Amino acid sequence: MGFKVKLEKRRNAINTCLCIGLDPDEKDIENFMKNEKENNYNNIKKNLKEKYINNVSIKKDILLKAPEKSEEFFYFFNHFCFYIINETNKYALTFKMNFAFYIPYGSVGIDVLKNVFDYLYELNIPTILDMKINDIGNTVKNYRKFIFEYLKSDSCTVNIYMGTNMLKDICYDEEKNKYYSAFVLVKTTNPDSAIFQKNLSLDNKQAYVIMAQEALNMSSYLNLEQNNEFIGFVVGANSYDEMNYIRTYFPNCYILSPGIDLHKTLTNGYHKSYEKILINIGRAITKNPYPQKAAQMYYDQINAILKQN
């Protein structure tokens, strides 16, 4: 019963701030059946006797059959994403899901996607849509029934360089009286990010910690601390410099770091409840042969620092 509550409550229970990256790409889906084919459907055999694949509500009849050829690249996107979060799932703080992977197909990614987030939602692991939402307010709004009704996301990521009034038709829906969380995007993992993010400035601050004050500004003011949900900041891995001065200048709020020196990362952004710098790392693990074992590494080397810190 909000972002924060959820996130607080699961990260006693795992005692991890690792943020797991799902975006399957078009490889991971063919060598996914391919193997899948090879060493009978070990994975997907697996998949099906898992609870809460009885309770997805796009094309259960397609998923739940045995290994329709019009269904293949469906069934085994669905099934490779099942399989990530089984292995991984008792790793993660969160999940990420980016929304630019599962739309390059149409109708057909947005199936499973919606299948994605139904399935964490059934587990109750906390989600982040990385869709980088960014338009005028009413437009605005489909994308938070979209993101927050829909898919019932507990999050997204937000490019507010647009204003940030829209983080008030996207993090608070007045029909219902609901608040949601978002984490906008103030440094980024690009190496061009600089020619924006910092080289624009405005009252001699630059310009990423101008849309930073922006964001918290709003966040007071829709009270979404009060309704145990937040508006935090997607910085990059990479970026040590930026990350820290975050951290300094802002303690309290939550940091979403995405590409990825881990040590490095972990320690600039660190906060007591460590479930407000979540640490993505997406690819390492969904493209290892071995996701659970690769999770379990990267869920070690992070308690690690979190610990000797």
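Only the largest set of C-alpha atoms that superpose within 1.5 Å between the two forms is called the rigid core. Numbering follows the first chain given and starts at 1. First, how it differs from the form deposited in another entry.
- Rigid core superposed between these two forms, residues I53, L266, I44, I246 considered: the one with a C-alpha shift of 2 Å or more is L266.
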Given for the second form:
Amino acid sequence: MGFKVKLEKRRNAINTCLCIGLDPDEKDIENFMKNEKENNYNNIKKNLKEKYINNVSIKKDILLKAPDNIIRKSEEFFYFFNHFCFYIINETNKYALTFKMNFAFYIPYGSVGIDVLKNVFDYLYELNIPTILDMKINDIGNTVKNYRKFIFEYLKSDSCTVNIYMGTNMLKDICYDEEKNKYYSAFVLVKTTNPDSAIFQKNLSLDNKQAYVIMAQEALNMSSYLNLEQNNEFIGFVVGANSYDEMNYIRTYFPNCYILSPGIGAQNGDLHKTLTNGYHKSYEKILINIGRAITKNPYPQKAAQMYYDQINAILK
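Counterpart to the form deposited in one PDB entry, namely the form deposited in another entry:
We keep it simple here and write out only the one chain, dropping partners and molecules.
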């Protein structure tokens, strides 16, 4: 029951390859607190009723207290940050094949944000939903082990994004752990959504080949080593939604490779043929990430539904 397995059954369960993004910023938080207050803590009282919130590991005592009597403190931010996350998850989780949290949004406040991240992952883990920590990690072997522990041991995440520009061997200490054997899954950065994400990814080359291809190439040869596949794990690729051209090629010369693709909502895309279409397969190997487009929309569940039906409205 490695990641590969866990993905497959969630796919049948909901028939969709939608990856909901959970990158809450200071605005979402302070805003969530505002309206929630002038609505008599609607969504939060609704949170407190959900099942798994009872199995939280960090400051459950506080998270479970009634709203108002939290103005009776320095724990306030923590309270609303966490509840906002539980809220979006509760409101959209049934439409998502997986969930991807970007590490960067949980560290700008120090400790407090990691406690939230930790609970967030303990929540999805109980909900038994596939997770992806978008932490685009990278460093030397020795150091990398630390990212591996945090991600796969502490947060019990199912996968994480990785940047191998520094070298492919680094994966040896990210997707594998000798001491316990254990094999983990990761997504390498191939084609990113940065407007200028071509200066190095397209403009750089080797044997007429564009860097992103050599990079995808290597990433795989490393997967063969470690025999992740044999252990139901894999090393997929992050392919920007607006890289139609490049998207189709990866899918072709890498038939059964797992692809993660962000960029349609808040970065202007074309769902139809911005993935899914370009880069089809028994999907799930083509994850469509949408975050801000959903997390900032005033009717999250609605927005979610919308993209769900929409994405699914593509049976070819």
